[PDB]
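Shown next as structure tokens: one chain only, the form deposited in one PDB entry.
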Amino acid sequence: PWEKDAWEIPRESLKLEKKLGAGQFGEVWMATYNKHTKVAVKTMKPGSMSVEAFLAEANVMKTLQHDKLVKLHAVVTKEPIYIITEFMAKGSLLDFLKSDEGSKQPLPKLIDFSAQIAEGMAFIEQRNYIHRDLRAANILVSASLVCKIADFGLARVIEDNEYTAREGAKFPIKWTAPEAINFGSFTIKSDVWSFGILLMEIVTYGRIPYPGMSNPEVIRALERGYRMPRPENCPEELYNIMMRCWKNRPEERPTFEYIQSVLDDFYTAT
């Protein structure tokens, strides 16, 4: 139980133990808080995030408490910002699906992963929040194989400046619904499109979306009604959900409440 009164904490309360990896806009560490609590710490790169803007958003994030969302524990306000969360022992779902243990998960387990993520996104949907960067790399997996959504809303507070431009694409074209690419219209419905791509990621154990296709080829193909074909070992029930998520009109995409209910039914059937 993280101490409820510990929100803005000093940097010295954290002992960074092990570097888990380096991303575009920050690094993540396994750490010990106050000599006793194992946590994860995301240290943002200098210039990636404003303290005032992040804190204003992080005070919304921290209220998004749900079993399928990574728990946001604390922050460090000194530059550059630290984000302190629960530690997830099996890392990202993308890495897990491409590991020895995760590549062997049977189809019912894959459906269960998808249903867990859908339940978390249904919570975000009910709370009138938006993830903005849903993909398997932003799903974390616990020691007992519970999937939790990470980085919810974080893309909104990563600044676009000379420092972050050096790091490349902020959002990946292949996961992003057409209207957010073309019009910056990020909504829960653009999250629904991304969830469809994530579902394909899960069923393919982490294959790149649209294999063999460049980003321009993906955009133009989607405009002509192309959608990723159903791959091997993908049940039609699962593929049909993906196709619903990839409707061209955002308003015609299903709710996450609908998605979770259908995924839950297909889990028990499998």
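The term rigid core refers to the maximal set of C-alpha atoms that superpose within 1.5 Å between the two forms. Positions refer to the first chain, counted from 1. What changes on going to the form deposited in another entry:
No residue in 237, 67, 27, 223 other than 27 shows a CA shift of 2 angstroms or more between the two forms after fitting the rigid core.
After superposing the rigid core, the Cα of residue 143 is displaced by less than 2 Å between the two forms. After superposition on the rigid core, the Cα atom of residue 213 is displaced by less than 2 Å between the two forms. Residue 204: CA moves less than 2 Å between the two forms after rigid-core fitting.
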The other form holds:
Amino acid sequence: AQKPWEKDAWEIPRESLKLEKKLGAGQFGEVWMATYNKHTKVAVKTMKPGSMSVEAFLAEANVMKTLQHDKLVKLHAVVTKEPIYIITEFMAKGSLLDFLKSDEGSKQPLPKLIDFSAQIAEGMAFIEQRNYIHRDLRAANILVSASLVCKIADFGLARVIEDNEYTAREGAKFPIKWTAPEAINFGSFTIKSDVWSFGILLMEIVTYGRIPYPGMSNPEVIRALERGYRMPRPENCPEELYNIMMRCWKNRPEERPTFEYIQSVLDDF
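Next, give the form deposited in another entry, keeping in mind that what was shown is the form deposited in one PDB entry.
Single chain only below; no partners, no other molecules.
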């Protein structure tokens, strides 16, 4: 059992970082662009003291220690005395959602969109293979590098899977338009419920960050899905890409495809 007062291999001294520019903020803290020991650009997430559990804030970095991959955002360090920091690689173009809604993201042609999709699929194939689930897959939680490599971020909800199902407690609420119906209705999270979110994420990419189910209410979405409705194919969406979405939105979790399969289809598009 680790002592509450002992540090680990990931710890760095606070003075090695110089926080240069605030990239964003929320109720739980801020994200800064920073340099580490002069020559190395990094990203820092700070926790707002009192906004949340310290142990939960830090638990995210523990997960990222385990889930290290080219297509997952890379943990470099932590600072575990208040103010509490998590340090990762810098991803110059920010979130995928904001990128696509920006001028540069808007100029990305279809082949690049499917490139982004394939990179994300690869990362999820790794999460699949490592017996984890993410549970918060969406464009907002993907980051994009200066050379246009997409990587999965936000591992706050990510969990190890024992025996192919995680069961959320009954009072858990999750972003409805992105969450698999069975996960919403009974708390049944599996890698197949991430497969569903990936379908929604595909739609986000091909629509340049447009919200899913535009103009529909959440209860309306839940009832539409039960009835068999699914989002229609956009103008710019190739049939083969929409058919993968549709496979990701099968009613029955076990009939949805594996991430390995999705990666390979998108790879060979």
